[PDB]
Amino acid sequence: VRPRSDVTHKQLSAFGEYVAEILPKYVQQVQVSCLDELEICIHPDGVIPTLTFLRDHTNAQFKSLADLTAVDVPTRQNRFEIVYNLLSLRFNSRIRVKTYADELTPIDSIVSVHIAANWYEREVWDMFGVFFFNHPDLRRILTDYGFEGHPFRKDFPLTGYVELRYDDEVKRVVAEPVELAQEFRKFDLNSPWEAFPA
Amino acid sequence: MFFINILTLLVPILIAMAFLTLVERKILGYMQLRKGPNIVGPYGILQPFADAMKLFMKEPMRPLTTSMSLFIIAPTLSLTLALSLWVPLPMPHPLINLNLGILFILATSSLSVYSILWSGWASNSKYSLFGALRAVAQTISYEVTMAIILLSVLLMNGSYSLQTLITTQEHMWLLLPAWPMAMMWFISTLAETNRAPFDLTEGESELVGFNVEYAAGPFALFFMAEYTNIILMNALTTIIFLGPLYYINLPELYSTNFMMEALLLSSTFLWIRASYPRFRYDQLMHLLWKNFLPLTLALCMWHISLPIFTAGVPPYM
Amino acid sequence: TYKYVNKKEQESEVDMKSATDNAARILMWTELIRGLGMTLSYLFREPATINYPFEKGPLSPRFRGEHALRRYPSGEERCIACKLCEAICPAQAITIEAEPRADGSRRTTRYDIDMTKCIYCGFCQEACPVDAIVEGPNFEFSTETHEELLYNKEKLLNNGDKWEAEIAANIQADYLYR
Amino acid sequence: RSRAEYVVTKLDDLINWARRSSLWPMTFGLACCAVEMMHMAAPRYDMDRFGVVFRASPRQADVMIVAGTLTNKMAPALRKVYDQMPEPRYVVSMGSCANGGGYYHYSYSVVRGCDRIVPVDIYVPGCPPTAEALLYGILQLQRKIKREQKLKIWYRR
Amino acid sequence: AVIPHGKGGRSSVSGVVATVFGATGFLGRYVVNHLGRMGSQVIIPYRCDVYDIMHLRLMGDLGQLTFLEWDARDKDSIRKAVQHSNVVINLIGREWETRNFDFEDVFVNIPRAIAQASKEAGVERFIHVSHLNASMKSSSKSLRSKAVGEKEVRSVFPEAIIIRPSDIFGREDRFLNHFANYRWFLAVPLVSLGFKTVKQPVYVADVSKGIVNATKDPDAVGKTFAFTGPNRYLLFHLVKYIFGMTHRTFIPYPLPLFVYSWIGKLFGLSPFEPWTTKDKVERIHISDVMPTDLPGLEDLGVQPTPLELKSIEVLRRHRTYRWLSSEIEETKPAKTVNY
Amino acid sequence: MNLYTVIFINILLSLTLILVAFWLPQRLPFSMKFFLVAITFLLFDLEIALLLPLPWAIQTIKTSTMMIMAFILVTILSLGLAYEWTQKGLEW
Amino acid sequence: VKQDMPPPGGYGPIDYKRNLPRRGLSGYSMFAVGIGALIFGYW
Amino acid sequence: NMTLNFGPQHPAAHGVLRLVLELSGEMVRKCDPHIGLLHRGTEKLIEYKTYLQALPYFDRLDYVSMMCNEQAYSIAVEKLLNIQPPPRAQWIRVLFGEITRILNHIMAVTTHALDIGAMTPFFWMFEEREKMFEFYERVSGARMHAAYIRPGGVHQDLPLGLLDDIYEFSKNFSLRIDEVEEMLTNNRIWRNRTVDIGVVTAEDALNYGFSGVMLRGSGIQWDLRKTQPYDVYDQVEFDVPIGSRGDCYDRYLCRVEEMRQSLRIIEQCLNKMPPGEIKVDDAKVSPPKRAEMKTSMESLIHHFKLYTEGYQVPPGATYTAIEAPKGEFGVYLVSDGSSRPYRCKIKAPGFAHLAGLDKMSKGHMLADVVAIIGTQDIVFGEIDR
Ligand SMILES: NC(=O)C1=CN([C@@H]2O[C@H](COP(=O)(O)OP(=O)(O)OC[C@H]3O[C@@H](n4cnc5c(N)ncnc54)[C@H](OP(=O)(O)O)[C@@H]3O)[C@@H](O)[C@H]2O)C=CC1
Ligand SMILES: COC1=C(OC)C(=O)C(CC=C(C)C)=C(C)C1=O
Ligand code: SF4
Ligand code: SF4
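Chains as they are written, first to last, in PDB author numbering: chain C, 46 to 243; chain H, 1 to 208, 210 to 318; chain I, 35 to 212; chain B, 68 to 224; chain P, 39 to 377; chain A, 1 to 26, 48 to 113; chain Z, 6 to 48; chain D, 79 to 463.
Derived by calculation from the structure, the hints in this document are not laboratory data.
Backbone N, C-alpha and C define an ideal beta-carbon position, used for all residues, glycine too.
It is possible that some hints are incorrect.
What the hints assert, rightly or not - Estimated spans, in silico, between C-beta atoms of each pair:
1. C:118 x H:125: 49 to 59 Å
2. H:309 x I:67: 29 to 39 Å
3. A:86 x Z:25: 49 to 59 Å
4. D:317 x A:103: 42 to 52 Å
5. C:203 x Z:12: 45 to 55 Å
6. I:47 x C:63: 46 to 56 Å
7. H:257 x I:44: 52 to 62 Å
Make the full structure from the sequences, and use the hints.
Below, the structure is given as structure tokens:
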């Protein structure tokens, strides 16, 4: 069983309250995991304001953006859950600010607050389809130039719909609808028995 | 008989060209903890002939956008000038001794810069043109100090004929005197053969320019040219600055020592290549125009003064 | 604990002696000559290369190499088609379908490892209860055609028979560890 | 021996030996298999010994070793570089990522094999196909190049 | 048979196992392409070294294309190739009578033995390809010999389809490249100054698709289809048009054929694939026959494709950097001749 | 003639290779810096010329004038270089 | 019982710091060599 | 501006890179790197794979630092399971983690030189690298792509001869760093090619999320190995090699020092490795031993379920960052109660670094860009994921 120090779960908890108090217009929920990690949750409109306070506040300097990601809970009305993980080299602590964005309700861009996000925001658009206003140059980064569809969405087939082969007749690479020679065997793995109350 | 001699100079040199390649692929190897090519033939002796045959057999590719002459003239010119410059070299006796011999070598070298210019324009692809323009510049720049360094030498030799230096260097190498220029002749010889420390003409990491569109037979001819040059320039160092002992009674100890010094200085640019990273394009010209040209022009004047006030004006003829 | 690399502790004021030493460093390329000495030194060291066909680079017993299906000494193939080798394969490489053999025993009618799909993780070696599927030592099985790389039960069983002696020695050496 | 057949068998044996002895490979450098060859170029298993060029531009390359996954964004390029290589040319597919899709077979961004994009001559198996294993594969290409009889076919054609 | 399952693309099954003896050819390449695309089992008998048939491997899927070593003189090789095929397609042909193979062999002798065995095997259908306008009396030995074959094979294999294509238009074809390559020649000889030899080209693919469709259709038995084209042409416009897209000067100068047959004889003497053939020459000035016959394209399911449409791709390699970017629209079209 | 004999063999050897090589097998890149260099190059190349006769001129009876002349030429060009350095020239 | 472990008493000590040797001829002495060559060579 | 792309086949492009360069003459005014040429779908495939069968994927994201990568997934999954690896395993992960940083740095320093034009340093060190892989192969069976570091503990005990052989390699390795040290650290040609190139200011480095040797090279003092000690990095003593100015030289010098500091950490690990078990003793998380599963029913049931279904980690989400040789490598693993993950965002030290190329390569020549990519130690597996 991992060793857990409650010093952190107390320090981080307090900070959470501090952030919440300072930014009550946007903070909806602020929780600390059992793993000693804080996760302020903000209304999408608070993207710019909450980050800026953390990047430039003496009692909470969160200078670098570790990551910007978007889990996709299809059930959730607001499908995407943009999560921004930040690090404070001054206070040696990380916080995560997570917002919610639906497919056609764009989030603001923080390239202003952290220029690290210039690329990750393009990554989130390419994979999940969330759009970021005021982004300097939003354009697909990881997917092919002509790719249609946002791949990491839970509703996108793994194999996808198009695959490439070289055709002599046309002497050029050519998409064709995917035809797989051994479909992905979809093993069902969930057991019908729960583990604990959680 | 003259043809026999023509054959004796060209054929051996060409064969030497080939084996330099092998030697470059073993001395670089042992320096890098690897045997190098020994499996084809005995100790890799057949290795140079093997890829020559592979290169000529592979299809020569004429890019859709390419001149068909400034493309085939360029390797022919490169091999022709390099093999030609071996015509007037004292070993100790020259095949065609020319009274203005060093001016022949300087002029013939200068003409090779075109082949680079012509090949770069002929390819009609961006990598080739960018590479050629920088390349011509490197070669030309390293000609201006290259020429002045020779003029300093000549003034202490008395003539342009390479044959005179065998009589100038009967007591001491011209390295002792004029060593400061030897170094500057050696570095310039490294630039003009586009060898490593100065291989930006065709940087590989930078523009994988000269042979970008050149494969098979054209690749080979320049290729051959470069390596023959690699030898020729080293050989000119071994006549102008390191003067091999000359005995009129037995002419071959001159050629025997010419053989030894040329191989060692040819070995040196092989050793330089593995040992040093390549210089930046401007770092290369920064050296010649800033570091070397002021040294050369001033030491050029010292070599017009050393003769006069040391009452040592060299004997013409 | 930190350490400054490339931080000049102080400003040594030029002393002629110092200046000369430096100027000589630029003028007579002293450090460049230092670098040449290092490469000349190795030229004299013994090269580390091995004659590849004649000598082989050493691989110890756990090397995963090429898949094989083992058999009991009696001659009964070890696999009993529990099919969890299929379950834990990360790449979906192993395809197994089974039916009760005439003897009444459980056996796999078809066992197909797609080696091009396989990423040689070695979990199948791990997962098998009877340890029927093993990572065999051979790494040299390059093939002219893509189809040859797909392997059915007969190729793997044959691979197993050919390399059984070494596979047994390798498993013998490493089983205490597992 | 004396027969137009014997002269045409011996001379290809010569032509085949030249191509076999000097194969200048060109590695695209996809994924990680490129490392497992950078180890072949390195001192334990020198490739140059065998007559293999560590770095060769496409136009001067006899063999293309596709190491690593060929995504659907690099496919259109591989074909270009294969198409721009000089005619005598051979392809060695290294890695279960390239010969077949390997882990990442079912991905939407990975071509399931380079055989779909470029004709492949030798398939070298293994997630990081060992470096001897690539060296065995390159040696197998040399066995394939020895067997080819182009001059014989032209004579009896 | 093989029930056809799948969605229609590679890695799917169509149930056509087909020996195709001359696949390495320009037409062939295309035949294997569609057959492979459809998912058919294709057995490709080959004689040239493996290096040359690599271009066929990526076509078709794994275990869908099988290559067999085969020699025309050796009857046994043809025997095993058709052992397990149910469709045999014959594209064996050449323009230059080679030292060890005569026009008879490449057109009539060999293509007989092949279908002969195919029957012994029990192949459902055999498709034999012979050149268009092939009289048993036509001037070119080639055309006449081909005619001789289409007859024979009918006795070895009754109800064997006989598609009879015109000279073919396609990248890597001769009809279009040959003329375009006259550039090397300063002057481009044209018998009758390229007149009175109206010609109707047909895109290679159209031909291929047609051929493939034959394999999978009961309507074609004993049928002698004629894939022709979407528009005819006097050789003059064709030649100039070509030179037009190639953007190279066109200098039509008439040359008496009697002398020209001699020029064909000259290159014909060439050891390495004569570029022009006495038998070619005649063929080139052999007027295209009229279209009254079992229709081919369209009839077999593919609408012909006009020459001008794809000409740009076939003739592009012959242009110079200056014209490379130039497009079809910039250039003019040639004129047809219902005559 | 002796040279002519050698040279034509030299071209022949190269033309032979390329011929077999082709027979056996059977837009706005401009930087004033680059132009500027070429120019400087000739200004220096011309000077090389005015400096080339120096081996014959060493034996000139004058001597004083020889050196006085040669030193002036080398110095004035070097100053040209000096101003090239001082100006952005030679600074690519 | 038998598991792969550090030898009793621990292993010996390993060097990690740069051991580049500052070995060379002193600059003044160096200049003299080349200068002497020129001085003599000229004579 | 003469747009020219640094196409993939070029050697300096790491196999897959299409840097659209705008050449204002030879000086390059803008770079627009087009990555995506090696996006394999690593993070959409993991959602369909159980936690153990997704470990292998983490050895292929940065393919030059395999085990340190699989120490980030192993720490994450372990956090979400509130389980800790046994003491011997943690030392083994630190032992293998520093062998990987020596392995990555030999990769980064020597290949950078290969790009600049120095060819011999690569050959001398690459022989020292196969000596090292052998250690991977002798402990896991794979030269690279081992799968040795498992989500709970490590997979198998070290063979009985490995620690002696690691001592002999570490004993003589420093001379090998010393040797390229002499050949490529004072060469005026290297210094000129590397010094004062791609300077990045301290605040700009934090803002661009550089987080690596790029962070330390400009003088910011941040090492996740001392600041947030993961595994046992609290019981080993080392000095972070902070550079002063930020030129590509100071960053090289830092990478050469970290190789030396890692030899100091490897020494401590061999000197102080505890007797014990290599994997946690909870059969629910780590698979039962071969003898036990073949003699005890509770063990066969636990082996069958673990291999076929999985750990079934409790629902939660964590971002765990370890100091991978390139920089901070972090996995944001979101977990439902299921045995297979829901999301796994691999933070790649490299997605941030490549973004910095346009800012860092400012007022620089075509040749400088080759050095700029070299000093970011970018492997496109991590960036493309
Ligand atoms: N313009 C055209 O192309 C037209 C063609 N046709 C007919 O269509 C058919 C295909 O034409 P096309 O593809 O251009 O012909 P090709 O010249 O491309 O050759 C077709 C195939 O026949 C094989 N072949 C030729 N001679 C022999 C032989 N003696 N033994 C074994 N195989 C042989 C060749 O194999 P290999 O190269 O390996 O020897 C080649 O793969 C021809 O038979 C022709 O009569 C009809 C009208 C127009
Ligand atoms: C070390 O970084 C990298 C290289 O540059 C030195 C590459 O060359 C390549 C690919 C290079 C070739 C052509 C083998 C890769 C994959 C790489 O990771
Ligand atoms: S696990 Fe071992 S036994 Fe069970 S099926 Fe796979 S191979 Fe046969
Ligand atoms: S095959 Fe295994 S190793 Fe080669 S690339 Fe695909 S994953 Fe990396």
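Hints, one by one, checked against the model:
| no. | hint | verdict |
| --- | --- | --- |
| 1 | C:118 x H:125: 49 to 59 Å | 51 Å, holds |
| 2 | H:309 x I:67: 29 to 39 Å | 35 Å, holds |
| 3 | A:86 x Z:25: 49 to 59 Å | 56 Å, holds |
| 4 | D:317 x A:103: 42 to 52 Å | 49 Å, holds |
| 5 | C:203 x Z:12: 45 to 55 Å | 51 Å, holds |
| 6 | I:47 x C:63: 46 to 56 Å | 53 Å, holds |
| 7 | H:257 x I:44: 52 to 62 Å | 56 Å, holds |
Of the numbered hints listed earlier, not one is contradicted by the structure.
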